[PDB]
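Let the sequences and hints guide you as you build the complete structure.
Number of protein chains: 2
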Amino acid sequence: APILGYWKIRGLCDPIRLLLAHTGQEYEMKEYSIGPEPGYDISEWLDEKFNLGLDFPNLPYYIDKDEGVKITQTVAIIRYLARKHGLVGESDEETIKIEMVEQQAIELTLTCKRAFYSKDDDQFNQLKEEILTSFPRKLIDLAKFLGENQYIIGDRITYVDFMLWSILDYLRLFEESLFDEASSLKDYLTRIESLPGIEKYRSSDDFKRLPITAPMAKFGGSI
Amino acid sequence: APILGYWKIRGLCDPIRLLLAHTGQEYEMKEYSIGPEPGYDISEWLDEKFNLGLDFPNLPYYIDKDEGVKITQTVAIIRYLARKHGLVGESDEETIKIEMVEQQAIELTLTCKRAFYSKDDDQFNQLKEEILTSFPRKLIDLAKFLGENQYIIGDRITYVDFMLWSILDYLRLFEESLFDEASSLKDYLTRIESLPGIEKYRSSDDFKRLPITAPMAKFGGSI
Ligand SMILES: N[C@@H](CCC(=O)N[C@@H](CSC(=S)NCc1ccccc1)C(=O)NCC(=O)O)C(=O)O
Ligand SMILES: N[C@@H](CCC(=O)N[C@@H](CSC(=S)NCc1ccccc1)C(=O)NCC(=O)O)C(=O)O
Ligand SMILES: N[C@@H](CCC(=O)N[C@@H](CSC(=S)NCc1ccccc1)C(=O)NCC(=O)O)C(=O)O
Ligand SMILES: N[C@@H](CCC(=O)N[C@@H](CSC(=S)NCc1ccccc1)C(=O)NCC(=O)O)C(=O)O
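Chains A and B supply the protein sequences, listed in that same order.
In PDB author numbering, each residue's number is its place in the first sequence (first place is 1) plus 1.
In PDB author numbering, each residue's number is its place in the second sequence (first place is 1) plus 1.
Bear in mind the hints are in silico, worked out from the structure with no lab data behind them.
Cβ atoms here follow ideal geometry from the backbone N, Cα and C, with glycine treated the same way.
Please note that a few of the clues may not be correct.
As the list claims (entries may be wrong) - Some, not all, of what chain A presents toward chain B, calculated at C-beta under 7 angstroms:
no., residue
1, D42
2, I43
3, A77
4, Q105
Below you can see the structure in the form of structure tokens.
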């Protein structure tokens, strides 16, 4: 069975786990603990980081011994899984649209990540201000792009829908009022979370015990 | 002829222009000025941002009316150009390696971008310390991955080589000590800069007048 490695949080790995839940692919989840404050001990990972044969040691990682693959980098992993499962564009037109949204979703995710793991209240507040001021426009742009479609390229779900749903879910949990100009994104959230494999994953004990972020974060550190 | 839009700096668009120089593709470079300090006026861009038909208005953009494409997001543009010019993987093994390095190059680039556009000398020094402390290990990981290869996937140059060269060049200019004695990566830098289309681009007046970063940056704002 393939092995997915990550912290016991949703974090960056969330879209990968949603894609795997949607497809029903069998895999082993290798979870690494973060110890309690103030040490936030991460020994189980630090002891393995350099002994897994990874070219770029990091979390998340995906190892399938049977297929001969070992991959790090969230985007490389999710694209690999997307190709394996057919959740990619069937035209260059579709691929351009998927890749533009992939990058827009990552841009929002990184901005949130930087905010969530801010060093102090000053920095957290500065980055929250930038989010509250710039994200409304970006959510309108995403809504316009989606239009009347079920998913990003139309009727067929692709890997980018999982990346967009994860960040939109985090934003709904961080500031719900951000969707007051794009109710279609609320329907998008309901559509994807209602898909059977995703609903089963989200209603599982394993998912419900996951904080969004690691214990040191200014937001999401506790379920 | 296709149009590539961006500020009059190397910045994020550098790998795209290196790829286009390598391929010899004819294109119009649409350059947007940044006015002098203190106003750093960008009105030529702000006036057009929303009138170009872009789904996610941003710089860089790539517009080819003849092919019917309009793209933003740097990674979406370079991947589109790579597929068009045959600079992508010829196997899933090659594709996984290219995508892992693509993500590693972007991670290094975003860390440098955050440092260069730091607001205060405290943030610049904090981010510089993280780079001086973490980048040596990452450069060794990249050198180990390259091994005795001319390029990331061997004798054949791919789009990721332009992305990696751009960030390594910036790092060479920022902190040579990371590269001054980094032997294999220096040879990699020299190999790519010796390609005829790259030589021609780097020795052109248009390139030589480009600062790395915009005028507000703590590093790179000057030729
Ligand atoms: N470039 C990589 C980069 C991989 C990377 O940065 N990994 C982090 C965990 S990742 C994390 S803590 N995410 C929390 C988070 C919260 C909210 C929104 C987004 C993300 C990590 O702990 N790595 C282990 C280590 O450094 O040894 C990728 O894209 O996967
Ligand atoms: N002005 C841009 C604001 C865009 C932006 O900065 N978003 C992310 C970085 S995400 C980024 S710049 N990725 C693009 C990229 C492409 C290729 C290589 C490296 C980086 C972010 O983290 N910013 C906020 C922060 O620093 O916390 C826009 O309007 O999209
Ligand atoms: N997600 C996008 C995000 C695109 C984006 O953030 N664009 C910036 C310029 S981008 C810039 S100034 N880069 C300098 C730089 C210097 C050194 C290293 C890396 C990058 C911008 O000003 N956009 C226009 C605007 O906000 O209206 C992408 O990936 O391309
Ligand atoms: N800590 C990890 C990683 C080092 C790191 O954080 N690098 C970049 C972000 S680049 C990043 S986390 N991209 C992964 C990613 C994947 C999918 C969605 C969103 C983001 C960066 O800008 N760091 C400095 C900063 O944000 O100030 C490692 O050591 O590998």
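How the hints compare with the structure:
Because the smallest distance between the Cβ of A:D42 and any Cβ of chain B comes to about 20 angstroms, over 7 angstroms, the interface hint for this residue is violated. Because the smallest distance between the Cβ of A:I43 and any Cβ of chain B comes to about 16 angstroms, over 7 angstroms, the interface hint for this residue is violated. The interface hint given for A:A77 holds, since its Cβ lies 4 angstroms from the closest Cβ of chain B, which is under the 7 angstroms cut-off. For A:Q105, the interface hint holds, since its Cβ comes within 7 angstroms of a Cβ in chain B; the closest pair sits about 5 angstroms apart.
Of the hints listed earlier, those the structure fails to meet are numbers 1, 2, in rising order.
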